[PDB]
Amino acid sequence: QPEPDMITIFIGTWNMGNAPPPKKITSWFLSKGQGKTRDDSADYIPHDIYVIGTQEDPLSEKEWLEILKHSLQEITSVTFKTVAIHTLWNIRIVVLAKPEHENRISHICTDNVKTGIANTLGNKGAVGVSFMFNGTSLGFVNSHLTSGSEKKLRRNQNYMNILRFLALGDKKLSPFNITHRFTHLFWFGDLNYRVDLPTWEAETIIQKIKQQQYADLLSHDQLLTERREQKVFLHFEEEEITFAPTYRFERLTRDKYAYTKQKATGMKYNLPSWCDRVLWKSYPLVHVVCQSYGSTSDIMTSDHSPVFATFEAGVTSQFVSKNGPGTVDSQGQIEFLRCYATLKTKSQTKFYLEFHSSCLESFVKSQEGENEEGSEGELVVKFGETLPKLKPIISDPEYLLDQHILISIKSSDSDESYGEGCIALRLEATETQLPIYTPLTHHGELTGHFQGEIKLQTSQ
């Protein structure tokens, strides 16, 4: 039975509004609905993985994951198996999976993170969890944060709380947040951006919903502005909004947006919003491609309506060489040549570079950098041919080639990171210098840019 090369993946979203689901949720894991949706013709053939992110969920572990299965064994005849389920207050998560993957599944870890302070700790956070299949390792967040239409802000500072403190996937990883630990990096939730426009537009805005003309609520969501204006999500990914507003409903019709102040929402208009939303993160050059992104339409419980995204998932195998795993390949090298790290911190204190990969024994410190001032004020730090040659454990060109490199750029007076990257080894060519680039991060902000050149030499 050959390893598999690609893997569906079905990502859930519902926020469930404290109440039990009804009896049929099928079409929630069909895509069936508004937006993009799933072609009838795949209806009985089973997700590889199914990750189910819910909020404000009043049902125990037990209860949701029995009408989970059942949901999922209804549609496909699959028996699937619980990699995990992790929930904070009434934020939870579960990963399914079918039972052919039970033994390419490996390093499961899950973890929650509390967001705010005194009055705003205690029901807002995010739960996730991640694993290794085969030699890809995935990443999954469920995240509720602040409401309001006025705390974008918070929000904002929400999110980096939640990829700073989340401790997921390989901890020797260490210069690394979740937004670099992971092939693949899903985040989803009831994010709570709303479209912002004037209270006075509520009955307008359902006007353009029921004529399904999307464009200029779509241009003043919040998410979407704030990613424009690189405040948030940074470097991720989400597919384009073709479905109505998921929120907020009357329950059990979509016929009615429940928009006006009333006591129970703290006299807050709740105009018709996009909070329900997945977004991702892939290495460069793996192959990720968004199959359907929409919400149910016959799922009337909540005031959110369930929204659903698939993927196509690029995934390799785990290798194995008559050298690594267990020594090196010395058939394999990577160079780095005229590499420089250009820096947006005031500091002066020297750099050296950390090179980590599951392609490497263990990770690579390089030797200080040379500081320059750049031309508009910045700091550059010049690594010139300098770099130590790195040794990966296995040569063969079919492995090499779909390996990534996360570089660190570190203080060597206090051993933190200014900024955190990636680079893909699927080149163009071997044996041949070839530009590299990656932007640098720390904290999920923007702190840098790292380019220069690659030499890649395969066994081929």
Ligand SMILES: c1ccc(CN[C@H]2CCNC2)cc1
The other form holds:
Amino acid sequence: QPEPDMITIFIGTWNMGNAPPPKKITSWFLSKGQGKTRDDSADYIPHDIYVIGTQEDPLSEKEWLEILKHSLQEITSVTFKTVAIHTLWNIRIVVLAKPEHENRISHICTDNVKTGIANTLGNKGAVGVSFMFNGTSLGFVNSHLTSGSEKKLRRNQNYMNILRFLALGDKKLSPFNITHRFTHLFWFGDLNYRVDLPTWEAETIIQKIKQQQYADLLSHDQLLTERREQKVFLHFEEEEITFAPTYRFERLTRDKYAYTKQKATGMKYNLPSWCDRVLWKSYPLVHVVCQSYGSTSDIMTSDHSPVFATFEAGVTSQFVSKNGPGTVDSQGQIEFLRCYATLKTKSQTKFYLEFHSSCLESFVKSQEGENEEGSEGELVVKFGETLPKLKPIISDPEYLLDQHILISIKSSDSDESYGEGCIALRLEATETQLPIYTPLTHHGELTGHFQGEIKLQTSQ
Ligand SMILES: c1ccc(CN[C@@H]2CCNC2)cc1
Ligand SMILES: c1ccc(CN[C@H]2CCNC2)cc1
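Switching forms now, from the form deposited without this ligand to the form solved in complex with this ligand, please provide the structure.
Everything in the complex follows now, all chains and molecules, and the chain you saw is the first one.
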């Protein structure tokens, strides 16, 4: 049986509004309704992995697993295996996979983060799952962020606390947060960002939704505007939105948005908004293609509509050679030339690099760089040709060109990372000096850049 080089992944997010679901929810898993929908000719074709995030979920794990598995069996005639399930309060993630993938999936990891302090600790946060699919690491985060149109900054803070504190993926990647630990990271949920228009415009917004004039409303979506200002979700991608706002509906119809302030809303307006979102971040030069992104029209138990997204995701095989794993392959090497980091820090310490990759037997520390002042105030840390030569475990270019090197720049004084990035080895040429580049982040915020040249030797 050949190992796959692509899988398809279903992501769902649904804030259930503390109500049980209706008897049929298959339109969700079939990507049918509004937006970018899946072709009818694919309806019997199972996705490889289904990741279901709920918020305000009233069901037990058992109750929801029975609904999910029976739903997928009806659609596909496949009995899916449960990879993982994790619940924090009423926030839940379920991962299901086709039975043929059971012996491809390993290193399963679950975690949660509770957001807020005192008043604001008690029901928001995130759950996540990670695992390996053969040679590819996959991460999934379902977050329910702070509600309310005037709390976008709180949502951004919630996001930072989640990516700092969620402990998924390889713990040996100690300098790296979840935004660097996975070949593919999917982050979805009731992110709760709103269409920021005046309350008086509520009926105008509804008009525009009825006319399917979404681009105009999207120019005021707080998640797009905060992302464009680099306040949140830096270096993530979202498909274009072509479906109506998924919140806030009257229950048992989709004909009516319930936006007016009520005691039950804390006297807050809920103008129609795209609360419910799917974003992703994949390592450079890996295949990832969004093939659906939309909302259902026929599931009406909640004041939110479910959202679906589906993806093609490149995956790699487990690789065994006569040499690595268990030793190095002397026919392989990775050389960094003429490298320098540009940092935004005002601190004066020396810095060194750490190189992490599953193509190395263990992480590699460089010598300290040479600090200089940039012509616009910046710290520049020069490594020249001083960086260690990296010795991969496997030299076969069918393996090595698919790998990635994570880089941390660390203070000699504290050994704390000031910035993290990622370099793909999917080069235009081997045995050739080629430019490389990554932005550097810390806690998901831009802290600098790393650039230089690489020279990759493979066995070919
Ligand atoms: C929100 C809106 C627009 C953007 C910029 N576009 C991407 C830059 C790299 N590729 C496209 C980021 C966030
Ligand atoms: C669903 C998918 C994967 C798994 C774990 N499989 C690993 C242990 C045995 N071989 C690999 C359990 C449930």
